[PDB]
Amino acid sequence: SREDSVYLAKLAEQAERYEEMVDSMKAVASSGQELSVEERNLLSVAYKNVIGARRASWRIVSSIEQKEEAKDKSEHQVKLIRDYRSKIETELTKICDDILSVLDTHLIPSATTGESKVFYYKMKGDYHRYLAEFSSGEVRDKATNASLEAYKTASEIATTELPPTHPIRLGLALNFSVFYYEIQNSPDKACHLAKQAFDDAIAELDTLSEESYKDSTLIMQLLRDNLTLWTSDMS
């Protein structure tokens, strides 16, 4: 049953068992049916948490790898770390390819609303960006261009279909600006986008209900936090 899968996804979230949460939402997402706002968020949280753990692991093992590289003798040791990092990289790829195939096959094609289109192309940008984070060469360049194209598509729809305060549109600007800064190494692009998104939203905040206001300003704070961070790095 479908409503049961959703309920179990919610249980799994509370239990912090995110791989199960993914299994349940993937099953739900893999019907013809468009997801509700709640189901979209459940899907997104599930995968965010599953990939997040691996990304966290990858960053740690990477740090260790280059610290052991810099005590040169090593070698058999560095090999063990390399292969371990590679194991984690395989997992990351698999997780990314999983949600990306769900987005390409089920979610993006069945999306009728502007909200849902922006949401899914944003997610597509995110998982290609995760792929770009640890890849090299042709593989990285392909993931980068795919990430950029999906974020651009999301942005074109958001720009025309969603108000500037919409949390989906703000969250897009947040992640897209992060893409620019971290993946493309493009600070001007990143700061311009984050600032424009913040500013555009600031204008219409006084038109929002309490709940909408809370949702928007939470993301707008993340935008300002990144802008704060980036402008101080560049100094």
Contents of the next structure:
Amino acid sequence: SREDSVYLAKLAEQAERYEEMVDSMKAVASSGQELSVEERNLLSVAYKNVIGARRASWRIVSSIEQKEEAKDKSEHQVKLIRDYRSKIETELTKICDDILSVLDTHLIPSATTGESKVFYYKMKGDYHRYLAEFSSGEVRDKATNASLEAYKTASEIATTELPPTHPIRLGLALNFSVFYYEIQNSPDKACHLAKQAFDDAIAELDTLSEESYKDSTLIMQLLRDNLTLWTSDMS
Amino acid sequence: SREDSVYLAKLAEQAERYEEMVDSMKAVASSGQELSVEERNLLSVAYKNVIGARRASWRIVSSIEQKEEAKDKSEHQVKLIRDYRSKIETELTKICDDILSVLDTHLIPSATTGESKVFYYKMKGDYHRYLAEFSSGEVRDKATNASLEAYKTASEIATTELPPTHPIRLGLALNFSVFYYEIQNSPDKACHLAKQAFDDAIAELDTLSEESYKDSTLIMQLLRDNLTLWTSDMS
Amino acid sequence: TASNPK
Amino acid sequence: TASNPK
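The structure above corresponds to the form deposited without the partner chain; please provide the structure of the form solved in complex with the partner chain.
In what comes next, the whole complex appears, and the chain from above leads the way.
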């Protein structure tokens, strides 16, 4: 049953077991049916918490590598950290490949609404961005361009099909502005995108209902927080 | 190499991946050699964090079961929570069975020092106690008696072979007093054990070096915290 | 830097 | 109630 797999994903989220939450939601997304707003959000939460733990682990092991890579040890010990980091990077890769495979084969082709189209292309940009984080050389550029075009596609649909105050559109602008700053190293693009999205939303904020207001203003503060910190780093 | 598996367990702890930390330390414990103090502590930390996540998940799913078991839903939905809880209880079981199997076959027979003997029997009491937590009926009584005797054995060795201020002896008294209160429901036994262990340590606390002092006083405060809360619950 | 926490 | 956090 579909509503059973969705319910199990809820329990898995409460129990904070996100590997099972993914399995449940992946099964739902693997069906031809278009996901509801709740199932859409559950699927995203599932994969973000799964990819989040590995990313967090990766940064730590990378820091340990970099720290011990200065005089603290040599070769074989550093070798252990690198092989352990690579194991995580392999784990990160298959998680990204998994959701992207679901996105390309299932979600994106089956999306009727422009709201879900922006959402799915945003995710596509996100996990290609995660790939570009630990990647190096030519395989990093591939993930960078894949993330860029996925973000661009979502942006063209969001601008046309969605109001500036829409959570998915604001969230897309948040993540894409991050992509510009963190990955492509383009502070001008990043600041312009985050500020523009923030400004377009401000005007219509008073036209939003309560639940829409909370969702929108949450991301808008994140947009402001990024603009704040980016300003500090440039100084 | 032994020192490589130990080092990987350190990285795994830093990266907060405890399933791999277990695998590394289990491999070390599977050798005939007696674990050092560091390896001993690493092994315990590995399994506690692994069993801790499942216990935390179990309490949540149990709460959801109990909450929805009152009028909130019926049958099939409650059925989903029960089958999901059982899956966790199965997971809890094999984790406990794993470390206990390592304890019985490897660690306890190979321990030369009374310090390691108390430690390993304490662990045996701990994971039999974890088994007794979610168990019911006759299988709960088996785990209860197994935990009791393991705690008793460790207590007889600790009293004889270890000073009252020793961290492993204090930690044993902490966990055993918990066993009395939480599992056996014996507040008199629990309060007497925690208070006695606290008092015997207080006298010799000024004879301890810095690193010994920190370790001891940490558990002694936990002993006091338990005595405090238990006093409040009795009122 | 913070991304969308959905 | 708190147990030994080692």
